[PDB]
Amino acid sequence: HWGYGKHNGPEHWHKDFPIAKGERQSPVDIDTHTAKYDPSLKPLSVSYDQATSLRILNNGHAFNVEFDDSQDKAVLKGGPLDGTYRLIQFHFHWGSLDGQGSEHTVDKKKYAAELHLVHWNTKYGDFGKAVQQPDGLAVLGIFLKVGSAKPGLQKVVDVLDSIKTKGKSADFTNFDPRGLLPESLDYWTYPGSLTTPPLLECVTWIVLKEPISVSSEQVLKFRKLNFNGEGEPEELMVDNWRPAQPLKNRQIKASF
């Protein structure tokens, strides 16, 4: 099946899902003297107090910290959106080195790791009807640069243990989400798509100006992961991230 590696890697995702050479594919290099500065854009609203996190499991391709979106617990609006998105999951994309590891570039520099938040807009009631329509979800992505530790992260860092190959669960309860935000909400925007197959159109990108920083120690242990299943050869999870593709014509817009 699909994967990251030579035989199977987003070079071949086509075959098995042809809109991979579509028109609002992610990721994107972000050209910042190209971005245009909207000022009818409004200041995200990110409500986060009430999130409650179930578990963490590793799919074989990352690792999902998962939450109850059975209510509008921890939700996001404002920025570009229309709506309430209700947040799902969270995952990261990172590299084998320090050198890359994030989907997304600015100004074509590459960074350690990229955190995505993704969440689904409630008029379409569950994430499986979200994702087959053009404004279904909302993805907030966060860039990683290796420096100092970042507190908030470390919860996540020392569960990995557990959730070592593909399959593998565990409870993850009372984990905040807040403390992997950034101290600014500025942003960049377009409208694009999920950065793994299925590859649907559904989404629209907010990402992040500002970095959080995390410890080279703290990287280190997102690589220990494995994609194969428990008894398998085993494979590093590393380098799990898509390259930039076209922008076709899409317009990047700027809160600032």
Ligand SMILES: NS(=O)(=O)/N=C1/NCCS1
Contents of the next structure:
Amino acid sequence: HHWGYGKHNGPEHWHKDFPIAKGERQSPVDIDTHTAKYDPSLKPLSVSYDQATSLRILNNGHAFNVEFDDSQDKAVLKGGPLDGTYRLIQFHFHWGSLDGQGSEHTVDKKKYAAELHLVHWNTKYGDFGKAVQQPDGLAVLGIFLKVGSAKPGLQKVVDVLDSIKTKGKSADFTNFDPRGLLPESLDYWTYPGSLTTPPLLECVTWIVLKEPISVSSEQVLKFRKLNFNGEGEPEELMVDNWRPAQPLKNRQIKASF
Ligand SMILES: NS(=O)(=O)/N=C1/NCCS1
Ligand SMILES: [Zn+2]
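Since the one above is the form deposited without this ligand, can you give the form deposited with this ligand bound too?
Full assembly next; the chain just shown is listed first.
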């Protein structure tokens, strides 16, 4: 009976195996744009993905991860609220069964069709596993997806999904450029939070871009053809793999703009 997104194992049940689900800095959250305050102490955000080196794509039964070679300082996030350098290790998405839902964060209660998470770890801790024992161990760059025009930079991901339909399948996925997934503007909101999947660790500085990217209906429809189940098992489409907004508690959301 492991965790998932269904009636009997979904987000309302995670707290039994992962009590931090009811913690003081859980994610995602609703971003109330009128209560968010501009912070002139934030330095410019630096997304440096030119030497990023993707290696593989994997269906983990919860989403798909595009994994990077993080053995050297290549694809990094710096600046903004961050102290020091954070290295990209993977990205993945959360999405819905319908275009009117799928994002994890919300903006004045608005749900987007999907949300992209670029996961980075603080290099002062040496690797990802040590970083997730630290309150400033991770930085996740969150980007909203709306349905409209296609995102050309996403198509290479879309086109490999047929080869990883089911849980545990993976494929070679070299030379993917994550710069092709970024909107024009780097205007963001930031707050301290957590991973949004078990184990829900409270190690994340969230950086959520204000400008969504547009993807086409055909692109998101291909996400929704993935499966939560493994091969040869009854089909459960991989849809609505998002955690709803959690209590803000004693936090302030800051704006960079
Ligand atoms: N959705 S998320 O990016 O906050 N969750 C994660 N769990 C494992 C590392 S990334
Ligand atoms: Zn995520």
